[PDB]
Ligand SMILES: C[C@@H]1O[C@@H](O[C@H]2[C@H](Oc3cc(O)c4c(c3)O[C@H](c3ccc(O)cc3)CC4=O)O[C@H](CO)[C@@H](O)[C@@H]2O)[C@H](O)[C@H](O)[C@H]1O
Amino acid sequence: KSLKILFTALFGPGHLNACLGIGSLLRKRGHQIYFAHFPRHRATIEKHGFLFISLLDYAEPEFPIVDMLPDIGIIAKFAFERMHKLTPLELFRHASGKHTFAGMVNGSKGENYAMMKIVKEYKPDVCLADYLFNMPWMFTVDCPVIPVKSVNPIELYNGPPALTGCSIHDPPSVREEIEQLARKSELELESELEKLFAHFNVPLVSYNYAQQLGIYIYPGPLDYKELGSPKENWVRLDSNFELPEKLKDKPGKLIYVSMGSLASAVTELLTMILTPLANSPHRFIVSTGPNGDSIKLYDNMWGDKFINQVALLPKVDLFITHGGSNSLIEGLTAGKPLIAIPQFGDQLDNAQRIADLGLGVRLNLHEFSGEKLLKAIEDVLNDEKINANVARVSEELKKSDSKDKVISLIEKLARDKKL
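Quick one: this chain alone, in the form solved in complex with the ligand?
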């Protein structure tokens, strides 16, 4: 009856959360939880009572495990300079048939070898994995494997291409090109996946195929009901911060600013956003990121490298975000309107979904001005319809619950090896 359940995920701290939440639900039903990842996450995994397995302990000698987190600042700075210079359309034209994240595929060989060895050693009854793309080990190991998805799920539908930030309001003439480019770039992702799968002698699958079951986490009221149903076997899983003294005795609303764990490594991005907010008549709490001591703060601001974001969000009036999925769900669960300044990949889809459903505004780096940021703040704080829309979504998120259904499917698959 007690199952052995093994999780793993990509390097993003965001890619941990769905996995951690699903693991907590299964541990409460008496299952043994294992989580394979990097040492930096041992503390959170062991605090949850899951057994921590270090990917680094299982590397094949000639395929060292690529750890992308420490170098992310270099990659993130290149992405920032493209976003500040180019329109979304120009970004795709300049990409010239290269894909947003296919660059990561070749380097994934070491992690695949490690997971092969980990699943052979620990012999779990089922595995769950939150990746950007399927990996060969998911089709070679002796147990069922559930892909877990936390990125914007438009890629699970037959609609507008993923990673473009297409609007529901874009006419066919306006989008037909950016869409064609996105299609040529899907072929580069397939080509790189074909080389990774060939290396391991595994027949290639679609990058987001769910063989028996896939679990995606996205706000129900934001999901793409207008595109019909997600891909086969995918199911949606619906589940006191102390204010600094510096910001007391000061007028205006309280605003949280975060460009997320990864993009915040780019000090130039936060500096570009903060400078004009010195003149906004409100109070700002800032997640300053790992280089945060290099970031200048003004008299109306307080910040630290890593904020207790979930404790803070109920106390704020507005969330200035990069539009990452974890930040989107946390902000809307707390009932706070968003200004999304997207930085990379699925953040463009989330930013446009916020604008399209009246939950906030999208502000692009390529046409950014201080005047426009300050005006976005005043507009959203005073927009009774946006504040009503956000309140309605937060209520729906508090009520919606698919846990029993999804846990039953995981347990059924773990025991029967079929659904």
Second form
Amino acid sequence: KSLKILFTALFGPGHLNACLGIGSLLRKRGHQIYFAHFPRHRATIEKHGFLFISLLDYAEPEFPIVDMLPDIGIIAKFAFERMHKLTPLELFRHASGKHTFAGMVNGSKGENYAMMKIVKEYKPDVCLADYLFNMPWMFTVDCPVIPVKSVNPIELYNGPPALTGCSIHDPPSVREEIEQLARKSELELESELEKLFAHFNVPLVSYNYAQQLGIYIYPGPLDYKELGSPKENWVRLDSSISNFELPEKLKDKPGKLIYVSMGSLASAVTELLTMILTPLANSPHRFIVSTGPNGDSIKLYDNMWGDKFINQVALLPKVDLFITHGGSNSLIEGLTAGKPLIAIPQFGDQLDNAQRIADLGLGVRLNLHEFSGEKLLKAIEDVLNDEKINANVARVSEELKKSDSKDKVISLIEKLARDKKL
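Having seen the form solved in complex with the ligand, can you show the form deposited without the ligand?
Here we give the lone chain, stripped of any partners or molecules.
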């Protein structure tokens, strides 16, 4: 029999790709797939055969949602300046109790009211939501609700705090301070969540509590098995996820083929791509560059080719290296295709992804704070001729191909939708 399945996710970006991915698996099984989101992403959602519902059309009049949406361009421009200037520890000191995304919590009241009305009218059999924190609607609606996590999942364990970029090699004494700062700002998030939940008259829960089922997307071979098991009811999905013609300009240029992409959001800060691409001019290699929304004003040299948006998943099998911001989706796409990574983390959970790449010998972390031409060129030389990095990367690529976590997770989704229990 057929299920009505409702997806939602935060405004943006990055929280749709995993939802769209689970979405497709479920569509193939003959389920009616709804997606409550924003007009701005209606095309991507409808192109996957899903039914679009504008969150904005189900707003309560006091909370029209658009008033309270974050200026995530402003936050990213600010994040770049601070990440250029500051060590991780200085970043957490200069934040001064302010949490990476707790400012977004008070703002989410309108989204909560809309999801409340949308579930009530459309009566889904199950909801899935990719948020940075749990919302009260997820515990009031008359169907089961599955939190979907695409961020680095270190937050699902009783280990070092998320957002720190802690290495497994970092001795306790070295991380003590940054982790105190990280736990302090975690309590500002609990404190904001307490207010959001009290407003809706809903018993407070942890921001990443899963009542019945939670799905985190992360490769098994990167998952934090050294920290034991994730929080109650969280299940791992290893990955959610045409052709590519190589540019004429890079034909008959020396070296291997390197993809550069700092993601849609950090790329909008032109200074970021300019300080990466400037030294790569004299790197004896060919670069395809995702130049971002303001890519028109990015200087590309004779050894590079760029477009604002690239078919990343089609490109990746062809390259020998990926210079990434360390977003979870870029990491998994990269590893699926068996390509090593240079991670230059820009924000939040990317610090954890960057350090996971380096710790597991999948590539290198190169922070904006310690960044130089010479260091980027040497990292490129090192990762391209490190036989052990290639072997670890090939190992993850095979595991990601060989997964039945897709079948297991679909089944748990369907079972939960049907029985209202697992």
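Residue numbers count along the first chain shown, from 1. Between two forms, the rigid core is the largest collection of C-alphas that superpose within 1.5 Å.
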Where does the C-alpha shift reach 2 Å or more between these two forms among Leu374, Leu69, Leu381, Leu357, given a fit on the rigid core?
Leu69
Just grab the Cα shift of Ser150 between these two forms for me, core aligned, in angstrom.
0.6
Keeping the rigid core superposed, can you check how far the CA atom of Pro13 moves between these two forms, in angstrom?
4.2
